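Pasting a structure below so you can have a look.
Here the complex is missing one protein chain, while the rest keep their positions.
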Amino acid sequence: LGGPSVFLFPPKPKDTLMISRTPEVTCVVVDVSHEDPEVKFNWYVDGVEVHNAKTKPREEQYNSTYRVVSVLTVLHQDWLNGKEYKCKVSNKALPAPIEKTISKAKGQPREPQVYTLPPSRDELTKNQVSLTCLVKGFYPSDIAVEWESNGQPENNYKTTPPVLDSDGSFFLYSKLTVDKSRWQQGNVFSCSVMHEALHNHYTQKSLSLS
Amino acid sequence: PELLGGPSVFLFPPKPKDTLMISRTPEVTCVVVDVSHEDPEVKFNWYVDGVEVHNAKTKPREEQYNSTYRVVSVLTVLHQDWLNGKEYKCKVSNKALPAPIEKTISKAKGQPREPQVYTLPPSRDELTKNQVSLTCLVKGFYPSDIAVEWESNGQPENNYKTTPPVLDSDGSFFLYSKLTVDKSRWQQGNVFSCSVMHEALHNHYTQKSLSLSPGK
Amino acid sequence: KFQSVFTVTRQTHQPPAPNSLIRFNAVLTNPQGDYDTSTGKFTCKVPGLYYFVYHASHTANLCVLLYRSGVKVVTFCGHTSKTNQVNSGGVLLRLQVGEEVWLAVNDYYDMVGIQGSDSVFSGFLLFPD
Amino acid sequence: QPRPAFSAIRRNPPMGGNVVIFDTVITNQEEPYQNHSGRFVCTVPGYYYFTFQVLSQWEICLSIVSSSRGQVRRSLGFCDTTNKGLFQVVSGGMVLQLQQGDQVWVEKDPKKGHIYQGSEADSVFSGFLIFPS
Partner (left out) sequence: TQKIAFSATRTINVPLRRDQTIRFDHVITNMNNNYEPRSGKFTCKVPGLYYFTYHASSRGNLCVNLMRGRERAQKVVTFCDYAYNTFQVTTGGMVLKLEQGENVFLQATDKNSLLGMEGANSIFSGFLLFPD
């Protein structure tokens, strides 16, 4: 190998939108020889070097190599404003250090439409029904969808991944599963969506019987 | 270069629709790379459940960026064979290779699980737009190989996109297909239907319709 | 016995069939009957650490593969044109009662040694348990 | 307990005859191996493993031979007939059940007995007890 390999990952979308979470870009170096496991990390925010990063203890890989990870916390606003994050990896086995940079996607942000759809009449014969949340017209594809009720987070739901639509934006569906009982009882459910292009980055759409 | 246990082999299965829909013939591909220029000659062998067959066809060789070749042998297999779980094998041997590389391929088995199809009309809120979304929910199926199509008045709709299969809480898959149509067509009472083709369906085919409530 | 040892040889002018198990039909030593010449397989009676080694004569390409209970453990290949060479291989394995060990060939199956060059497969228990 | 085991190599071997003499001892626990004759002598009855890795540049055929009550017992042969003037290692080995007094040694075919003589690389003859009788 031309020495180690670097992979720079973006922050968890949820982390970037809540004040109580701390977003971080992650730099992962794989295939770090047992011969030379020492690795040096250099981070840069728009060019300026930063020293707040933190490296984790190396991890022994099953195929006799090392994995070294460096974590750089970032400021919510820095990230959403498009600041570039550069990770510079150095190893004795590396002819020249490897550099990787990432930033939030640029293209026109497009605000998502949220639509809740009740169970199909046919499904109402089953014990569990499907509540559906259609989310479409958004860009970037980074988004977070959740379901809640009575101010509490639901458990049983899966969301499809973002999917490219005909006009260049994305859509996805989230499916909540609940006992036909709860639906019949008239309980109200909400589909929560967090996307940068939404007013205040958050919107909800309720769903219930009748 | 020259630091490999000879060239390497990778096999690929036919495309889902091809295996389900008849309009297309099944095709199992066997690709080869890292074929040094010192020994470009490559030969393939095909074994169906052990029983050899030569009805295969080999496409010409091409050159790679770092001095390697890309030889491919496409054995158009059969629907019955594949769907039954017929095990296929592509054995390749090269002089620059120490041992004859051979790989096997076959349909992903499993309970099968019968898919439930549900059509869902546009949300009231979307009705203010010029185009609306007709949704088709397909859940409970296994394996993931499936086909979803939309039609109206005997003709196939164009404008629709289906999410990829998504693993559900219980091991089955579910997906959603979104058909976009002008609000007018929806209100004119046209009837739309979602066709699903899957192995665990009676006759491997099912349909669900969707149209504006009686009214107009 | 409470021990296990064998040295078998292949006495035939015809090589093995391609992609098949290598049968050693003749016995030099095999007191416990651990190696079965009828199936060409060694079957563990006494659990423990074993050493397996072979020296196979060939006058064309030959790859010998050692299998343990259905799993290919090691493969060694020797290439030759018309002249005679010896393909060798070996491995230490900690076996359990009932486990099978055997040698096989792939598309390179030649074991036609010249007059005076033979093929042998040996195995023996080192540490009981 | 018995620990008969040896490994001997070639460096300054007396030539002559078809017996291959490994004159330089690396290991010889209980001195079973005679570096002057190339013969191993069994003291402890039992099953032994013997093996050789010999260097040749032309044509060589070797066999592990034994004797019991002075009676010679010919066995398997192992050859390398590449004959290109380049290093080739011929190897061979087997388990032998020996009785007290039996002798084991490597013999070369008189018509194909070329063994490398030099300091570039080595030829070895090894043997050890597997278990006593």
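Order of writing sets the chain letters: A, B, C and D. Residues in each chain are counted from 1.
The definition used in the following text is that a residue touches a chain if its C-beta (ideal position, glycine included) is under 8 Å from a C-beta of that chain, and two chains touch if they have at least 3 such contacts.
Residue D:1 is the one among D:1, D:12 or D:71 that touches the chain missing from this view.
Shown as candidates are B:4, B:108, B:167 or B:191; the residue that touches the absent chain is B:4. Where chain C meets the missing chain, the touching residues are 49, 51, 53, 63, 73-81, 85, 87-94, 106, 126-127, 129. Annotation for chain D: contacts to the undisplayed chain at residues 1-3, 5-7, 9, 26-27, 29, 51, 53, 55, 84, 86-89, 91, 120-122, 124, 126-129. The chain not shown here touches chain B at positions 2-6, 97-99, 101.
The rule is short, and it goes like this: only the chains that are shown with their structure count from here on.
Chain B and chain D have Cα centroids lying 63 Å from one another.
Separating the centre of chain A from that of chain D, both taken as means of CA atoms, is a distance of 68 Å. One simple way to say how far apart two chains are is to compare their mean CA positions; for chain A and chain C this gives 55 Å. Of all residues in chain C, none touches 2 or more other chains.
Of all residues in chain B, only 116, 118-123, 125-126, 133, 135, 137, 139, 159, 161, 163-164, 166-169, 174-176, 178, 180, 208 touch chain A in the complex they form.
The residues of chain B lying in touch with chain C in their complex are 91, 93, 98-100.
On the side of chain D, the complex with chain C involves touching residues 47, 49, 51, 61, 75-83, 88, 90-97, 109, 112, 130-131.
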